[PDB]
Amino acid sequence: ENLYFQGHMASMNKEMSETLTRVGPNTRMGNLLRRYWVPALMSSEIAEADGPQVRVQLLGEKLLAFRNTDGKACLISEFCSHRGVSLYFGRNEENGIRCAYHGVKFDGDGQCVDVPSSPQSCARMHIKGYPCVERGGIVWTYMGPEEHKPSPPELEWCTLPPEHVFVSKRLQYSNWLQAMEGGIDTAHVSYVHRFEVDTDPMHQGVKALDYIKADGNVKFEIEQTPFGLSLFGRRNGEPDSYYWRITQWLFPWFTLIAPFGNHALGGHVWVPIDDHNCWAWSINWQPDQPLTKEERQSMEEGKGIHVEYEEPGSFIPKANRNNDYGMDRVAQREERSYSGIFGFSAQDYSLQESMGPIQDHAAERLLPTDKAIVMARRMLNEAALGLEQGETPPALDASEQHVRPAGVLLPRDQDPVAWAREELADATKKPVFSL
Amino acid sequence: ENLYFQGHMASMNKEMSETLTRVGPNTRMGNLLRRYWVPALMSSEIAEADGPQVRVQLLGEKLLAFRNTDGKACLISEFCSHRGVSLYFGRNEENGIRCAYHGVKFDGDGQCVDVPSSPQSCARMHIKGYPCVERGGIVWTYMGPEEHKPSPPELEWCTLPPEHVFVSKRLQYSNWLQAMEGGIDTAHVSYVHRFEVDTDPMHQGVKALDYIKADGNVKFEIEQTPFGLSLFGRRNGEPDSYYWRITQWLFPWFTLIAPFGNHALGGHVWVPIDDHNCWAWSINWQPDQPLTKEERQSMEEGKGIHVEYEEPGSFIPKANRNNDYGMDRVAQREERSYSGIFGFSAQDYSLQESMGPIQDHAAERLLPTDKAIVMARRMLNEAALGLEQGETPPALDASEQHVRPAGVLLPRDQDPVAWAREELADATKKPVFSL
Amino acid sequence: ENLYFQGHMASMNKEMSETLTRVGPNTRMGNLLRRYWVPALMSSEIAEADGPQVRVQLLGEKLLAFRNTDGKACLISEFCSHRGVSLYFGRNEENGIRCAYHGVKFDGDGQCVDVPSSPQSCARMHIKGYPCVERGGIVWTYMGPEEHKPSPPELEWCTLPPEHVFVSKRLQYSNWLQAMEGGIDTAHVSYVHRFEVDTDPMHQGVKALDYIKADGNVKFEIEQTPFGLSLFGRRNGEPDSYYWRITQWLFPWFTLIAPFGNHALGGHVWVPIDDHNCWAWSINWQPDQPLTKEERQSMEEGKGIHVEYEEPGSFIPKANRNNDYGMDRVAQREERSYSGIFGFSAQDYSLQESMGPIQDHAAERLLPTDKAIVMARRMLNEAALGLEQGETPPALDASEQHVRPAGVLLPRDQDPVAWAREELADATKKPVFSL
Ligand SMILES: O=C(O)c1cccc(C(=O)O)c1
Ligand SMILES: O=C(O)c1cccc(C(=O)O)c1
Ligand SMILES: O=C(O)c1cccc(C(=O)O)c1
Ligand code: FES
Ligand code: FES
Ligand code: FES
Ligand SMILES: [Fe+2]
Ligand SMILES: [Fe+2]
Ligand SMILES: [Fe+2]
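Top line first, the protein sequences correspond to chains A, B and C.
Positions in the first sequence are counted from 1; adding 145 to them yields the numbering used here.
Positions in the second sequence are counted from 1; adding 145 to them yields the numbering used here.
Positions in the third sequence are counted from 1; adding 145 to them yields the numbering used here.
Hint data in this document are derived by calculation from the structure and do not stem from the laboratory.
It is possible that part of the hints are untrue.
Given that identical chains are not distinguished, each listed pair holds provided it fits within a single copy or across any two copies.
Using 20 Å as the maximum straight-line C-alpha spacing, the simulated SDA-like pairs for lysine to any residue come out as follows [stated by the list, open to error]: (1) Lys-574 to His-293; (2) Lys-364 to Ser-266; (3) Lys-352 to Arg-474; (4) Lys-207 to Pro-502; (5) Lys-273 to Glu-160; (6) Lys-575 to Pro-561.
Chain A on its own, in the form it takes in the complex:
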C-alpha cells in the first residue's frame, strides 16, 4: 500500500489488513511473528517444577506450558498425538507430560519419551514442543523454524534485576495490531487519559502533563532504527520549545513508552492469541534503582498501565465488555474522565475493544496523528510479505534493542532526530530523559 493517498495517509487495503491481522499458523504475519521470541506466560504461573500445566494459546496455536521436574519452563502443544486429548489432563512429572488416556508421554521439547502401547512408534507421536527462556519474569518461547532461532530479547526490562521490573498481562478481546497501535499514538494520551494522568501514581505531578493536556495535535517524526522505529511525537511544549515524546517501537510488538518524569519507565508488548484476541503485556521498570514497595503495590493494585482483574486467577480485567468498563457518566460530565471509563489501561482497551475484534480498516480515516501507526504498519507488512520471499526480517539482533525512550524539551530549532543520534547513544547506560 502507498504511504499517502489523496494527501491524507493511506488506509489499509483488504489484502494488507489481513497480511497484518491474520496471525494463524502458516500465514504472512503468522510466519513473520513466529521468528521472534514470543512472551508466552509469566514464570509466576508455572513457578513450581512438576507444577500445574497452564493452557496458553499463542499466534492461534493452542499450547501448554509447564516446568519440567528439572526446573525447565517448556511449551508443548496442548493435544496428544494418540487421540487428540488435551495434555492439560496429562501428568507433569519425570521431565515430561504423560497424557491421561493411554499413557503416552511428552518431553518438554515435545518428543515422545514413552509410548506404552508400541515403544517402536515413539517418533510418530512427536508433538510441537518449542524452546523457552526466562527473561523479564516472562517465559519466552521460540516458534519459528529451528534454524532461525534468534538471541533472547535484550530490552532493558528483560536484563535489569527482577526487583527493577514489573510485568503484567491483561486479556484483551481484540486483535494485537489495534491494541499495539494505542501504544504508538501519543495523541490519545491528551484526550482519553487527560484527567487520569493527574490521578494515577505513575503519571502524576510532572511538568510534561501540562504540555500533554494542551497540545493534543502531535506532529510525528519517525526514524527507522534496526530495532524498529523511533517515534518523535512532537507536541507544543513551551512557546520556545517542543515537548518531544520519544516512544521506541521495538519491532514487532513492544513499546517503550516515553517517561513521565522521575516516575518508573513504562512499556508494552502485544502477543496475539488469535486473529480476534491478544495478550496485552505491561512492563514498568526503573533503571538506576529497584521498584519501591510503594511503586510495586500500586502497580500490583492495577494502577498505571497495569489493570485490576475481575477475580483472582483471571487475566480478564475487572472493567470489561460486560461491566461497561464501569462507565461513569457522572464522571464524564464532572470532567474526571473523557471516555467515562476510569483507569489507564481500561480507558485504552475499552476503545480498542469497542472497534470490534478487528477494526474496519476499510473505513479508517487516518490522520496526521497516525504517522507512527502507518509507518509501523508498512514496516510490518513489508517484513511479512518479505519473509514470504525468503527475506530475513528486521530487529532479530537483540543487542540493538539496548534502548530507552525519552521525553525532552527541544527548542523548535533542534531537529529531534539529530538530538537522539547525539544524546541517546548507549541510552541504557545514561540517565533517562524526562519532561
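With chain A held as given, fit chains B and C with the ligands onto it using these hints.
Coordinates of chains B and C with the ligands only, in the frame set by chain A:
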C-alpha cells in the same frame, strides 16, 4: 410468488423469504423500510440534553442516539471515522459527540464539527447522522435518501396528547416479520390468549371475549388502503351476526389492533434490529380522554401488550428464552393458560421466539387464518422489489394514517368492507367501535 | 480406508471421518443409525400421561416426547406445520399435542387430528411422528423408513426386570463416536481410571484390578459377530495366564463392558444429538438378582459410570467444561487421580470433551490399543456407505444381542476366541465371567 398454490395459500419461496426478512443496509427490504420514519428510541431514554448517548441498532445499522446540548434528539453512527472506536465513549456536549480517542467531534447531523489533528480534513470524517422527530414519545429517525424523507407519521397515537398514549419497547429475539405477523393474525387470540383475556385489565369483561373464545376460525376480508391493508377478521359473533375484528395494518410495521370494549386502544410497530432480532413496540392510547392512573400503572406494570422486564434498565422481558417464559404446566392443565405461558406479549413472543430467529418459510403450511399475513407479505414483497425498480413505495403520506381500528357486530348481510367506507370515514374524529 | 497404513493402524481420511461423524438427517451415518431403535428419552421423564412434553433432539432432528392420554409414549417433531412454532407450547391432551398458536393438533404418530381453520387441509399438516417402545426404562424410537422398522432391542438390560437394571443419561458436549470409542478402549482403564477403580463401589476390591493397574498394554483380538464385534482385550494377567477383558460392541452404539467381579454388570449406548453433541447412556444391570438398595443409591448418587449432575432437572454433569471437571492438582500429585479429575465418567468425558466436539481424525496417531476402535470404525463406515448402496445393515436382528461380556483368566495357550464359542454360547442363561 403467486397468491394461491394448490388451493391453499402460498408459502414464501426462498428469494421472497429473504426479500422480506433480510433488512441489512442496501437490501431489498432494507432499502424499502428505510424510506419510512423508523421508531429508534424512546425519548424517555435520552430525556436529558447532553445526556448519556444510548446505543441503538436499527435495520442492521449500529447507531447512537443523543440529545444535543440544544435539546435535539439526534442519531449518529456509533463508530468514529478516525479509527472506528465507538462514539459511545465520546462526549455528548457542545451540540455534538466528541470521540474519546483523538478528539474528533460529530454533529447531530453527523458532520465533523472539529478534527483536532487536520482541521482541513473535516469533510472526510463525516459519519452517518440521520434526522429525527419527537412523535409518540418515540424518537423517529429517517434513514432513506435525503430527498425521499417523508412527513413524520400521523397515527392517532403519534398525534394525541402524551397523557393519552402509552409506549413500550420489548426486545424480541426474532426477525421483525414473524413478530408482526402475530399482530395480523386475530385467530391466535382465540387459542393462545384464550384465558388471559379474562384476567388482563385491557381485555377483560367485554362481550367480544365470548365471541373470540368461541369461533377461532377467522375468515378474513382484506381491503387494500393507501395506508396499508384493512383486515376484516370475521368470527361467528351471534347466530344473526358476525363479530368483525378490524385490524388496520399500517404499512410497513404498525398494527392498530381491534378494540376490546371501552378499554384503551392498542397497537404495535416492529423495528428490526437485524435479520434475527427486532424491537417489539406496544402503544396503548385513548382518543376521547387521557389514560387513567389505574390504566397507566397497569400498562407500566407489564400487563396488556406491555411486558415486565428482567431487570431495570433492560428491555429484555422478565419471561424470556432462559426463563422458559415461566412455563406453568400446572396452569396449562388447570386451563389458566393454553401455551403454559402467562402474560399477553409473553404468550405471543414465546411462540414467535420458538420458531427460530427466522421461521422455516419453506415448511410453512399456511391456512385460511393467514390471509392477513399473505396479503401483507405480497404487499411488502411488491413494494421492496418495486423500490428496486425505482417504484416509489406505499403509505408514505402520513395524512392517510389518520385511522382507527374497529370491532363491530354486523348482520351476516352487511358486507363489512362497505360498512367501513360508510362508518369508518374520518374515523379518528368519531367514536371507537367496540364489541 | 485400508486397515493398516505404514504398519501402524490407519487414521481416518476426511471423507471417512465425516461418513461417521456427520449424523444429520439424510447423511450416510444419519441414514444408517436411523435404521436402529434410538434411545430417545427415559420413561421417567414423561412418566405421566398427558404430562409435560420434553424436548429431545436425536440425530440432528429436534423432536418432542410425550405420553398420550392413553399412556403411549410418542415422539413427534417439535415444530408445528402451520407457522413453525414449537409444539413444546402445544397442549398434550386428548391423545395429541394441540399447538398453541392457531389450534392445530398432532397425533402421537404425528398426524393432524384437528386443523380448526381448514379441516380439509389435515393431511398437509402431517408432521414427523416416529414409533416408540418401552424397553430399558428408556423410550426407544424408530426413525428409519417405515418398512425397515426392526424388532425392539433385546440386550440383557432391555429384557431383565426393571429392578434389575439402572439407566442414566449424561449430556456430553462431543460427537457420539469419540465418546463411544472410550467404551471400546480398555487400555484407558489402566491409566485414567487407575486409582478410581479402588475407590468406586462398582469396580472396587476385585482381583481384576491388580491386572489392570499393571499391564496397560492391551493386545486386542476382535471377532466379528452378527451383533457387532467381540473385543478380547488381552492384558498380562498372571505369568501363566492372560486377563481377557471381553467387551461386546453391540452395533452401532452400545457397549457391554467387561464385568468387575461379582459387582453389577455395566454398559453404555451413545445417541448423537447432533454432529457436536451426544447423549451418553450408562446402564448397570444384575442378571441373577435385582439391584441392592445400596447398589441403587450409589448408582443414583453418580458413582460408577453414572454421574452427579449440576442441578436437579439438568442432565449436564456437575463436573463439566466450566467447572474444570474439578481438576484437583493436589490429587494428581497425591496419586489419587491420573487426569486430576475424579469420578469415572467425569474422568472419561473430560478427555473426550477436551479433544474438541470433533477430534482431529487427521492428526490421530492410532496405536495397537486402537484395534477395537478401528475395527468398529470400518464396521460402521462399511455399513453406512453400504446402506448408501441399498445394502441392508448389520445387527438389526435383536435376538442375536442376547449376549453378555466377560472377564476370564486364560492360559496363554487358550485362544480366547475359541473359548467364547465354547463357554459364551447362550451367555445370558449362564453365569457371568468375572476376574
Ligand atoms: O504513547 C504514549 O504516550 C503512552 C502513554 C501512556 C501509556 C501508553 C501505552 O502504550 O499504554 C502510551
Ligand atoms: O389481532 C388481534 O386481535 C390482537 C389482539 C391482541 C393483541 C394483538 C397484538 O398484535 O399484540 C393482536
Ligand atoms: O472398556 C472398559 O474396560 C471399561 C471400563 C469401565 C467403563 C467403561 C465405559 O465404557 O464407560 C469401559
Ligand atoms: S490421547 Fe494421549 S495417551 Fe492416548
Ligand atoms: S477514533 Fe474517534 S477520535 Fe480517533
Ligand atoms: S403454528 Fe401451530 S397452530 Fe399454527
Ligand atoms: Fe492509551
Ligand atoms: Fe398474540
Ligand atoms: Fe473410561
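Right, here's what the structure says about each hint:
1. Taking identical chains as interchangeable, the C-alpha atoms of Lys-574 and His-293 are never at most 20 Å apart, the minima being 30 Å within one chain and 69 Å between chains.
2. Taking identical chains as interchangeable, the C-alpha atoms of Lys-364 and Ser-266 lie at most 20 Å apart only when they sit on different chains, with a minimum of 15 Å there against 62 Å within one chain.
3. Taking the shortest Cα distances, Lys-352 and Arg-474 never come within 20 Å of each other, neither inside one copy (29 Å) nor across copies (51 Å).
4. Taking the shortest Cα distances, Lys-207 and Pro-502 sit within 20 Å of each other both inside one copy (19 Å) and across copies (16 Å).
5. Proximity of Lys-273 and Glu-160 under a CA criterion of 20 Å is satisfied in neither setting, with 30 Å inside one chain copy and 26 Å between copies.
6. For a Cα distance limit of 20 Å, the shortest separation of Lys-575 from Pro-561 inside one copy, 18 Å, qualifies, whereas the shortest one across copies, 81 Å, does not.
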